[PDB]
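In the form deposited in one PDB entry, a lone chain appears below as structure tokens.
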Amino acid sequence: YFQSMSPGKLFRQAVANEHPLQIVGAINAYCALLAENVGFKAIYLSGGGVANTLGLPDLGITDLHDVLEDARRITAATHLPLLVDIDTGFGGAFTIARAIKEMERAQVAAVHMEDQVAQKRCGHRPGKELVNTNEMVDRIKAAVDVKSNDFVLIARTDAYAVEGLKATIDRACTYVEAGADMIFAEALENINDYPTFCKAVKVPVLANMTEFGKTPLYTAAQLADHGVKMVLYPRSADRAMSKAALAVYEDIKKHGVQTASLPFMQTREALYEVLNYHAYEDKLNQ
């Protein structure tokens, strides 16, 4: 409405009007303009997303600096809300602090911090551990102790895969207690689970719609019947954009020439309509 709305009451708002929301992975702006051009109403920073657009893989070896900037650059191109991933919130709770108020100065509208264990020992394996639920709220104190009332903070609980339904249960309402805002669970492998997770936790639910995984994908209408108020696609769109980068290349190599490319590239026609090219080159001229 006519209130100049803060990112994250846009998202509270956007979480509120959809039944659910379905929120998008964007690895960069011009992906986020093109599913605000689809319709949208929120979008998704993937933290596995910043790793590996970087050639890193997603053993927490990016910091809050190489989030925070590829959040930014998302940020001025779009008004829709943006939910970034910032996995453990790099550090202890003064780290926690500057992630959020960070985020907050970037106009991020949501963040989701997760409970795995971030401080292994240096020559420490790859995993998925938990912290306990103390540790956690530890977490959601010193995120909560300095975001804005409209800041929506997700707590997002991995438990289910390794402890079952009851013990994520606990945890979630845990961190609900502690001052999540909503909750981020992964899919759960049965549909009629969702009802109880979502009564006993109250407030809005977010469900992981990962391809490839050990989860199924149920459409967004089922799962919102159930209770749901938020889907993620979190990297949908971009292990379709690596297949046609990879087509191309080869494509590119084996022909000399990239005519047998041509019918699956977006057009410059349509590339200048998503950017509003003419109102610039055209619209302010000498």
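Residue numbers count along the first chain shown, from 1. In this text, rigid core is short for the largest set of C-alphas that superpose within 1.5 Å between two forms. What changes on going to the form deposited in another entry:
Large C-alpha shift between these two forms, rigid core held fixed: of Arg73, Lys202, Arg105, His124, this applies to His124 alone, with a displacement of 2 Å or more.
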Contents of the next structure:
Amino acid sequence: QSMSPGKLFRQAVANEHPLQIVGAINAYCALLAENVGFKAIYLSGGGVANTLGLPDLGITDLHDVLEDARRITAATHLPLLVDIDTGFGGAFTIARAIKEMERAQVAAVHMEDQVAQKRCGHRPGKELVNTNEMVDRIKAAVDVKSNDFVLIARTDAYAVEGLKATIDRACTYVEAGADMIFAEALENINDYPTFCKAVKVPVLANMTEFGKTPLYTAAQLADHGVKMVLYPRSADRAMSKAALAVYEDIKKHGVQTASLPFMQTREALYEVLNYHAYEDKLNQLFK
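Switch from the form deposited in one PDB entry, shown above, to the form deposited in another entry and output its structure.
Chain only, nothing else included.
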């Protein structure tokens, strides 16, 4: 208990091979992930926007993300990695973002080298800031962060500038104070061993679906020197399909009978929540 969220995350990176980090859009999903046995969870920036019905276009601000993060960390001590896009503004905003995330009991954040009006890392038409501007971002963050807290610098540079230039950026970023590196949308697993060796610090691979990356296995990615594997939206995408199906079912058939087999049971829900321990205490109070 008395270990800091940052420390828990660093320890999960070290002891797992590799550490699988799964996205959760809300506290209950975080609980499901914990129950399944994952050692780290993730708050997706795109998830934050999409869940509000907004596109992933840097419309959201620190408060949209912070509120979602707080809800999660209130429900579980499982170390949480939070997407903070490009830091929500200049040096002062970045400092605020870091301080606030720490205050919200967050374990780690990732900040990237795109320009302000950012987009999904697997989409075309991304624009990057120069190495210097990103170093500035990193300095603002490290200047105010605690030791244990993990800053993951994310580079979106591979698809635009190629492997060599990307490694250069990552190395400068580590130099500037980044703890770990998020190598976004490396298209070939053979890139990783050379990337991981050059940057030295733990590297995260983003195994998102419907992107520019093939879906490799955790084992494969570990063998190529990767320390963290991210599943940013996987559960959310399944959740949406399931929800739509229930709605269609209710609309078409005037009843949800057909959906019942696809629903988690009341008892399983109670299990995840520890509901019975609470209602029992409530009946003892009522007598």
